[PDB]
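The chain below stands alone and is given in structure tokens; this is the form solved without the ligand.
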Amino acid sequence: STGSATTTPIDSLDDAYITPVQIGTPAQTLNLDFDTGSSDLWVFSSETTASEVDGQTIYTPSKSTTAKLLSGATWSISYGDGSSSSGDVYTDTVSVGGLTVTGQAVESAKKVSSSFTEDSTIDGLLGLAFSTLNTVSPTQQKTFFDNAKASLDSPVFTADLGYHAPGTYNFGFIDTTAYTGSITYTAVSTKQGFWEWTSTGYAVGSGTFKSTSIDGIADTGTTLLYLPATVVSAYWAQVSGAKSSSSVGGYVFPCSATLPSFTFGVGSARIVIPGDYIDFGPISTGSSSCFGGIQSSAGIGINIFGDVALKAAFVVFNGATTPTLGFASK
């Protein structure tokens, strides 16, 4: 089997991407944030505190003839930005782009924090990191990908995120028309439950490539690119007027600037992030100070290749017995 679904930026800055997901019988379609940095499939639901729902589409398991309460199971997650949610668990039929999993754990939110309530366009998350990070207790549950794997033509999924445009998540096959050149595969450590890999270096604009190992995670659920302070300083030094602002919480730059590209290494290959991808617009409405798309990971504790980086590539998440990651230009 295979599946293929279109993923769409939620706003004009590509802050996140939503992908339609069918849950239950009859289908209830929710627009989920596919997140390769987490491993819970959780949704706004009929059980969510009313005051904490603000425009989202909800999953109502009582209306699904295939939903079953997973007795005694709860979940609770806190992401790396202060946001949180928690609730109970059902199993139900979940389909993504024609690919169906029966018995998928669907985590129903009883509580969500303001940060999630405020994103009216995101009806929940579909985690695609390793199932070892799944928060369901007392019996940890598998991700949609983990559940689908055995049935897929090939045990892979791919992320093809667009810049200010729709893109595609495919399951079970590699669309050889979706990228240019070849796919360079690189080793993954699953020891922290992430798609954790090591970049071979970077370049800023037309600058010379610096060979240096940068460990990080491929995370579709993070907007920006978080890299070591040395790397980030080297980048923003090439932008006249750029500075790190403690009040704003990162590097800002004059909105009148044209940004240089940023290149990261994948083995001997190179992925180029165009400068425009690194512009996240005014810090506040009407401001001429703009927020940078490359930020320091210092104090996060991990480097994160988020959407800024991933949308410059066709990315293969290979869940073979020994998982690997593949990157191609596009």
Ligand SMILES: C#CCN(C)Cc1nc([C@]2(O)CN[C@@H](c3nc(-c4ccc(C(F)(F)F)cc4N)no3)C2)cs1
Given for the second form:
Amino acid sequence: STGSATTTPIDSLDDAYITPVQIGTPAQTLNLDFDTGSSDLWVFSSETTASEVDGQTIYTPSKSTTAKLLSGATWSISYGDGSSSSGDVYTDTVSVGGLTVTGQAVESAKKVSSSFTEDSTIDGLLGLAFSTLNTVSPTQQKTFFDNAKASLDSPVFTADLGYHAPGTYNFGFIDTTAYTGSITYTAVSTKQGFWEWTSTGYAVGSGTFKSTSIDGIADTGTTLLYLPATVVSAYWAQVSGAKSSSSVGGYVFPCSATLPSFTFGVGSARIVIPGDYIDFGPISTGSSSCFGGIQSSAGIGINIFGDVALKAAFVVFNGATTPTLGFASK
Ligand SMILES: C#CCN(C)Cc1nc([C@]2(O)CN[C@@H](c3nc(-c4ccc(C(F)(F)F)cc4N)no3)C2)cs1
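The form solved without the ligand done, now the form deposited with the ligand bound:
Full complex below, order starting with the chain above.
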């Protein structure tokens, strides 16, 4: 089998991408944030505290003839930004772009933190990291991809995120029309449950390439590109007036600037992020200070190839017996 679904930016900055997901019978379509950096499929639901729902579409398991309570199962998750959610668990039929998993664990939120409430466009998350990170207790659950993998034509999914435009998540096949040149595959460590790999270095703008190993994760659920402070400083040093602001929480730059590109290495290949992809716009409405799309990972403990990096590429998440990641230009 295969599936293919369009993913759409939630706003003009590409802060996140939402993909329609069919849950239950008859289908209840919710727009979920596909997150290769986590492993829970959770949704706003008829069980979510009413004051914490503000415009999201909710999953109502009592209206699904295929929903079954996963008795005694609870979940609770906290994300890198400090947001969180928790609740109980149903199993139900879940379909993405024509690909159907029966008995998928659908984690129904009883509580969500303020940042989720405040984002009326995100109805929940669909985790695509390794199932070892799934938070369901006492019986850990598998991700949608893990459940679908054996049925797929090929045990892969691909992320083709758009820049200020929709893109595509495909399951079970590689669309050879969706990229230029070749896909360079690189080794993955699953030891932390992430799609963790080592970039071979970087370049800023038209500068020469600096060979240096950068261990990080391919994370569609993170907006920005988080890299070591040395690399990030070398980038922003090329932008007049750019500086790290403790009050804002990262590097800012004058909105009047044109930004240089940023290249990252995948083996001997190179992915070039155009400068415009690094511009996240005014820090507040009407400000002439703009937020940078490349930020330091120093406080995180891991480098994160988030959407800023991934949307410059066609990315293969290869879930073969030995997982690998593939990157192609597009
Ligand atoms: C600190 C620290 C060390 N490590 C935990 C950092 C890491 N962190 C992660 C993710 O937790 C997993 N992938 C990312 C993700 N973020 C979201 C997300 C989406 C929407 C909203 C909002 F605004 F609507 F509330 C909040 C989110 N947090 N979805 O995925 C972040 C992987 S490594």
